[PDB]
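Form deposited in one PDB entry, single chain, as structure tokens, below.
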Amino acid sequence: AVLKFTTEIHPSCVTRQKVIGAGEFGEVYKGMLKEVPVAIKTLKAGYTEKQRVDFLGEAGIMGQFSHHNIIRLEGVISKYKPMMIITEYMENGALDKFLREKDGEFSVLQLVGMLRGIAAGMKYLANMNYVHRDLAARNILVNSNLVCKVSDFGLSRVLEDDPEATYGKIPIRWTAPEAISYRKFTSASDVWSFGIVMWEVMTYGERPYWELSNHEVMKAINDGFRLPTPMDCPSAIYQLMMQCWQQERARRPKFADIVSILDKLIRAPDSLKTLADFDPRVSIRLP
């Protein structure tokens, strides 16, 4: 009854063409749907009851949503095996790898526009009573219009399948303190994560906290340290990400506030020309 919203697609409408993701229990393909490019995720024979519930539950959750910044479900193949979930095809893949492969290639306005799209998707999820728990640039997909869409939906499968999530099982350095310390995951802990995504975007995919271990990150945060300004970062953007990292959940902006601020900055783009000071790590001097 969450699945009866989803379209059942017949296997002869679907051609898998190239592997673009993979795991032990299936893979993701670029393909064509009856013609239109699509992404195709499979679940291999022998799957458990829990695996079937998790897998079709991702499609069930995605089919409840209709928003420009949330990956769109085309349908499912469940009456034939292997079972499949079919979605729109995002031509530029995961945002973290995309940024690292395109370092320096975008304007500051383009980067901020990507953040506004992610925030808009997150406001929608939050208002739909969906807590993501694993918001990170690796879980955002980018299309050929530079539109960023939130992906990676489900219940326990989200944190269980993410290699960044370490033994609870949590992607520590994207996660808010209260979610680490007492398992309180809410839209406000997703705002903390969004602050981290802001920093990943503005740095072209630098790894948060560099080589600090998970314990060192948790200790730094609890002692009040925060990530430093990216290079060439608008002051308003650094101010906003810093407010996402308030220790006190109630002091963080809501996604509604984030979308509003980002929309105003984009509409007055000269506001983005004032840069936060960058703390240089190397001094170079010449006589």
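Positions refer to the first chain, counted from 1. For the two forms, the rigid core is made up of the largest set of C-alpha atoms that agree within 1.5 Å on superposition. First, how it differs from the form deposited in another entry.
Once you line up the core between the two forms, the CA of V28 is the only one from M218, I261, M231, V28 that shifts by 2 Å or more. When two forms of a protein are overlaid on their rigid core, residues whose CA moves 2 Å or more are considered shifted, and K18 is one of them between the two forms.
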The other form holds:
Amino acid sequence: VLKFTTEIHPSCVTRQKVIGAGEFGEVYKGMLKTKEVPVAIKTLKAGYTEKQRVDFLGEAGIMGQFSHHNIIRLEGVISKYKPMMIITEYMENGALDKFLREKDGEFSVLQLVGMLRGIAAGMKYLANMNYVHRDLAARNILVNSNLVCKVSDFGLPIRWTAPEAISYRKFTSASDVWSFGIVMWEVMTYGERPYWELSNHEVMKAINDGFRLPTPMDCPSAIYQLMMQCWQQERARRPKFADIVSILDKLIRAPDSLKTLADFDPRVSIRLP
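Would you generate the structure of this protein in the form deposited in another entry, following the form deposited in one PDB entry above?
If you are looking for partners or other molecules, they are not here, because only the chain is given.
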């Protein structure tokens, strides 16, 4: 299980502040020696069950297998001592959802599209590795100080989930593509809530009736077209992540393609002379 993971000795780890919770233990911000490097640390505390131990070390195992620029990096694991720990890199900019809501309007279209290309490349890698994420959303993406997005999974999302996954529990890389389209909309809106104040039942009814999120403000036509393709009801009609990466790469490498904007439908019109 731990074959792509490095065992870290507990004397090299300092926990500082609680930043969240695991299934059976806290997540902390801390420091790792090997000068000191900031890390996030998920613990498994005394009394955990067999199933919790299997899921915890299984999680570390899969994270260790991933080696990609756009996937969170595992620094290592403590499995030989208690409490057990999963240790990852740390990003001062934090999670993408809060980041964009706190930086409204501060980036260029090219910067936003570049973020999406990195997320798509991480997802293409996961899908190729036969890993279905199931919870792709901006809240599960970390942003580094180069604006590079790292797909993560912080644990627990009707508004991000494809219809077949909601209806009959069919989670695949194609349901992850639906979620990616929602993430595109989150990025281009600077972290707006998908479907605004609609309830979960209202969202599913709207989707089943064929309604889809409208274009963000200032959004390239090509980007809105791409998110719309991610939201095809028929799973097989959605692009694969390889198609998404290819499209986004081509738009970035010919950036004039992003200057054509989709028409924004105003809710409110102001009359002025």
